[PDB]
Amino acid sequence: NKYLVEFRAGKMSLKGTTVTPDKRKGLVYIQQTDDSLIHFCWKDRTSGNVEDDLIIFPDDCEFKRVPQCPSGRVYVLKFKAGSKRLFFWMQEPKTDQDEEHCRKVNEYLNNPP
Amino acid sequence: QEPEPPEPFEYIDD
Amino acid sequence: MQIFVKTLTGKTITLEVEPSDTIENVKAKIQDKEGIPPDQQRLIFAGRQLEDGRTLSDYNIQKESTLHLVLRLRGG
Amino acid sequence: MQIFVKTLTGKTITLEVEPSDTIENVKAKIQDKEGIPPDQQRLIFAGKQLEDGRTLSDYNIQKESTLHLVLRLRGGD
Numbered sequence: 020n021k022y023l024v025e026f027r028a029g030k031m032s033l034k035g036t037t038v039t040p041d042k043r044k045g046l047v048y049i050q051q052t053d054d055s056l057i058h059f060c061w062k063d064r065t066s067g068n069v070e071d072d073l074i075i076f077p078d079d080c081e082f083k084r085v086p087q088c089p090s091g092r093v094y095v096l097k098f099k100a101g102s103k104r105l106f107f108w109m110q111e112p113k114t115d116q117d118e119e120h121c122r123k124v125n126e127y128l129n130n131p132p
Numbered sequence: 940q941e942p943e944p945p946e947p948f949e950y951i952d953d
Numbered sequence: 001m002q003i004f005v006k007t008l009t010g011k012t013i014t015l016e017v018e019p020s021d022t023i024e025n026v027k028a029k030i031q032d033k034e035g036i037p038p039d040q041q042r043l044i045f046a047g048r049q050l051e052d053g054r055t056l057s058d059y060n061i062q063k064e065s066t067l068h069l070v071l072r073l074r075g076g
Numbered sequence: 001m002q003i004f005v006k007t008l009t010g011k012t013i014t015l016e017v018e019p020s021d022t023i024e025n026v027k028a029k030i031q032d033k034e035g036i037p038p039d040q041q042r043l044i045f046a047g048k049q050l051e052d053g054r055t056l057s058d059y060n061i062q063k064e065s066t067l068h069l070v071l072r073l074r075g076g077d
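Protein chains in written order, with the entry's author numbering: chain A, 20 to 132; chain B, 940 to 953; chain D, 1 to 76; chain C, 1 to 77.
This is chain A alone, in the form it adopts within the complex:
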C-alpha cells in the first residue's frame, strides 16, 4: 500500500478559541487500501508509530491553511461530514513542497485514485 502523500507535521490542540501546537512532532501521510478507501494517518515522530488512522472519503473533509496567525505553516482539516476539525503544523525545513503536499492532501482526500 503506497502512500499517496507524506510530510512532516505535528498535531495541535484547540480549546475554546485558542490553538496551541503540540510538540509531539508527527508525520501526516495518506494511503489507499485495496478497499479504495483513503486512509488519513498521523504518526508520532517520537516512536514513528501511527497514532491516528481515519478513512477519509471524497468531499468528506477539506485540507486548508489557517490564516489566523501568520508566521509559520499551519493547516486545518475540516471534516465536511465529520463535523470535526483537526489542526496541524508543518515541521519540514523547506516549504518548497508544502504547497504540493497541501494540494496532494486535498486531492487524495477529495479525489481518491
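Rather than coming from a laboratory, the hints here were simulated on the basis of the structure.
Take these hints with a grain of salt, some might be off.
Stated by the list, open to error - No more than 20 Å apart at the CA atoms, straight line, and that leaves these computed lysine-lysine pairs for PhoX-like: (1) D:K6 - A:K99; (2) C:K48 - A:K21; (3) A:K99 - D:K11; (4) D:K29 - D:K63; (5) D:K29 - A:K103; (6) D:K29 - A:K99; (7) C:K6 - C:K29; (8) D:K11 - D:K29; (9) A:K62 - A:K44.
Position chains B, D and C relative to chain A; hints supplied.
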C-alpha cells in the same frame, strides 16, 4: 536542521 | 433522524434512523432498502468506520448525515 | 479442486483445495509445501487479495487456478 513549532494563537470560525 | 447512505456507485439512500439507534440496526435498514448484509456492508462516518453496537450519536451522526457505504467483494 | 500457486521464483506448487476451502487452509497448504509461515506469504488471484476468512469460491478460484504468491523479503519491522 528542523524548524521550531509556532506560538499559540486565537482561532475564530469566521 | 434519517441519514443519507452514499453507495460506492454514488447511489444515495436516506434511511430514517434515531441517534440512539445502533449501527447494527442501521445496517439492517440498508439491507431492507438494498439487500446488503452486515458482512458485505461497512458503514463509515466521521472519517472512521463504524463499530456495531455503537449508537449513531456516538459518531455525532445527525439527521441527513451522509454516511459512506463500503461494499466488500461480490464473489469476484 | 487443486490450484496452482506460482512463487516469486516462478516455481509452481499445486495444492489440493476445495471450493469452500478457506484462505487460511490454503495458506497452511503452502506452509507445508515450502515451509512458508502464515506471516510470510500473500495469496492474490485475479488481482484480488485473498483476505483471511474468505474462501476460494469467493474469488472464483476453480481447479488448476494460478495464484500469485508473494513472500515478505523485507520482513517488515
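Going down the list of hints, with the structure as the test:
{"no.": "1", "hint": "D:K6 - A:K99", "verdict": "15 Å, holds"}
{"no.": "2", "hint": "C:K48 - A:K21", "verdict": "17 Å, holds"}
{"no.": "3", "hint": "A:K99 - D:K11", "verdict": "19 Å, holds"}
{"no.": "4", "hint": "D:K29 - D:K63", "verdict": "15 Å, holds"}
{"no.": "5", "hint": "D:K29 - A:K103", "verdict": "26 Å, violated"}
{"no.": "6", "hint": "D:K29 - A:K99", "verdict": "24 Å, violated"}
{"no.": "7", "hint": "C:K6 - C:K29", "verdict": "13 Å, holds"}
{"no.": "8", "hint": "D:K11 - D:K29", "verdict": "15 Å, holds"}
{"no.": "9", "hint": "A:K62 - A:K44", "verdict": "9 Å, holds"}
In summary, the numbered hints that this structure violates are 5, 6.
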